[PDB]
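> Chain A is fixed; fit chains A' and A'' onto it per the hints.
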Amino acid sequence: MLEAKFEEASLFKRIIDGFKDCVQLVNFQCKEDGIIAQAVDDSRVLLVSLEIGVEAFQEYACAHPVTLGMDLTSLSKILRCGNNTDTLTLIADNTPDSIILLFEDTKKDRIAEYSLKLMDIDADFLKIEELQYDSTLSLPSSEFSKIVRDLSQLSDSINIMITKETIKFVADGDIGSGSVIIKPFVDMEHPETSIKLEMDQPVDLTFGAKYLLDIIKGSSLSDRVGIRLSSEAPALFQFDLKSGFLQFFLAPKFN
Amino acid sequence: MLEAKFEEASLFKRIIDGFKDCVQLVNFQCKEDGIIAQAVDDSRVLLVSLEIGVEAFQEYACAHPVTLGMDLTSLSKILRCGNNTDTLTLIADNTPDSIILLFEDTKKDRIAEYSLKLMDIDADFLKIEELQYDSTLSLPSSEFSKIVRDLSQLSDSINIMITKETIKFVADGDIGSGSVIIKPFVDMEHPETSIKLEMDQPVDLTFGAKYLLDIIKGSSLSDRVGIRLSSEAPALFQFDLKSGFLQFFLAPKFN
Amino acid sequence: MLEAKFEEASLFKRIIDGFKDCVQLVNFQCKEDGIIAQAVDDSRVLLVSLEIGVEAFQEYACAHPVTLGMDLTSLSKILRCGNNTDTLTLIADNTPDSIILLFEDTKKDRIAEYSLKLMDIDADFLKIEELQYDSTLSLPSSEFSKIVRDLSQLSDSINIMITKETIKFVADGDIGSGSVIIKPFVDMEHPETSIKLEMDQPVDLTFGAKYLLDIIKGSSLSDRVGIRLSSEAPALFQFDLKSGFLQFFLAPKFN
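Protein chains in written order, with PDB author numbering: chain A, 1 to 255; chain A', 1 to 255; chain A'', 1 to 255. A prime marks a further copy of an entry chain.
A pair holds if it fits inside one copy or across any two, identical chains being indistinguishable in the list.
Taking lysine-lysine pairs in the BS3-like style, the calculated list, with each CA pair at most 25 Å apart, reads:
1) 117 x 242
2) 127 x 253
3) 183 x 196
4) 164 x 253
5) 31 x 117
6) 168 x 183
7) 108 x 77
8) 127 x 31
9) 20 x 253
10) 217 x 242
I should point out that these hints are in silico values taken from the structure, not numbers from a laboratory.
Extracted from the complex, chain A is given alone in its bound form:
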């Protein structure tokens, strides 16, 4: 039997919002040490992976590994239901045919209970993360979001280029071209706006804007985004939660 208590429903809700514009469908693997989930899109160029630890919950009980398949749009529609600060409990049994979502408020006037029908989804969980990436950097989610949103105006392809103490984002299309150049530093006024870079080898990669736009949606979950780039594998964009993380693996373009 699964029983998982979110302090704020907003967390789970916006976590799912994190990867709306979505990879449709997803397998939520719940276990004693918390919840994990991953899903690929139709084109199979973007993998979304999610880990939510126990500490991220107000409360949590499983004692029996349980897999929960469900369509994100249905879940989202169900997740649109409430004050957005309720206590939210996920409930399931030993052989779940359906999952229960339970919203409770400050008092006990409005008790909302929804039941979402589960699904069967075959899925070999992918482990495509690598040991060492050619370059590693991190910056404010908002800044990155802004860069992507701005540059995505000009082209459907954004080129990220990293060299010694230099991070260059470039877009080149029909109407024109644009380039944002940022440089690492330590902001001691408040380190949350700091920009970090660590380069073992320069990189020159190009990504589809469509997807980056989906990546930056996770800005609503963390102050900082961490990007890991290499030419031998999909780029890794990571947003950290209290105890856990939401990460996106994205494949670059060949030519």
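Okay, now just chains A' and A'', sitting in the frame of chain A:
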């Protein structure tokens, strides 16, 4: 305690037949959500991986993850025992020294119970599947089987070559050479004989016929075989079951 | 509740010694079929992975997957405590805030019980092992240790070069250069000093001596070390235990 009920023993039997001409020995990992197993051959150029879900069983109970090591030849010899349409139950305890295979018939005259001695097998399960493969295609198991069987006559090496809307299988040896060229289409007479191709980048790969011959053995498990090819990783041949799959990862030849 | 009995504390102790000069911190994942653990260093060029099976213990009970985070230096300091041949029991509950280490002697005069405070460590377990490595070889731990220790004198970079029936270790620095060349053979006087090589493709790789020095620390756990090399991935150094293994994944240098 494990208790797993196959409707038809033929399924499990032919599943094991799927990877006879075998990767010798194998670790069957049984858990609440079903069974998984994988094994590599002596040369370590071919990985066989297997997932059997709960729905694929007539019945199934575990409630405690259990690993079952066993030699395929012994198991096969035991699996040769019965009408081939019996109800087949796999039974194990909490600390299994041996596994029980139980065959029962339509009535209750012939009750057959076999006990297979288990084995200790250290094995780091491999996760070599990739997010995106350069090319993806699918076709009738029989057709592919026929192509392999035919071309394997001429050489010990079969070259698969994929370009825009063109799938080319080639063999070149001493006596002569042979090439089968197939093209994608949508068969509306009945889509089971359809041929699908999806190319993000052309490919030119060469495989050992010895192994492909072992791959095509899984034709007895599905109408269609799905092939995923790339130059950066082992090719992936997949046969789908009702709830689960049998897949083969095969390494191409360098030169 | 976890309860794991080592016959000799020396095993566990020296296992941790195996990867001191350490990857700091580590997540010990305990489960019904035994214990696994892995950890990366600060530079993220060296992954240490550990599997300890049930047979390696004098006794073992879990029946509930439990994760145990802990600093290696603290653990080591605690592991310095005892005759070094005590019976050593690891104990934990269902929601461990701390782990118990219990040392008992031949009689029952000195009963030593230590409690180590656990930690929360987010960690996506890496699965970077590959199916086929370009070259595979194995040799006495002592010999390899000696080669590394000797050649590390001259430079901070050791080049391993493998060709047909030829294994060449080279170091080149300021004071001078050095090269050790070994050749495969079958030692029938006693096969433990034998040297094995298996080459599918020649290799020319260079590693940081700093790390190799950390790798060879595991010589105190096995008679033989097994090295698997390829250019497409981190090199794999493996020391085998009774039931389980300690392995190191190391990334070569680009230029």
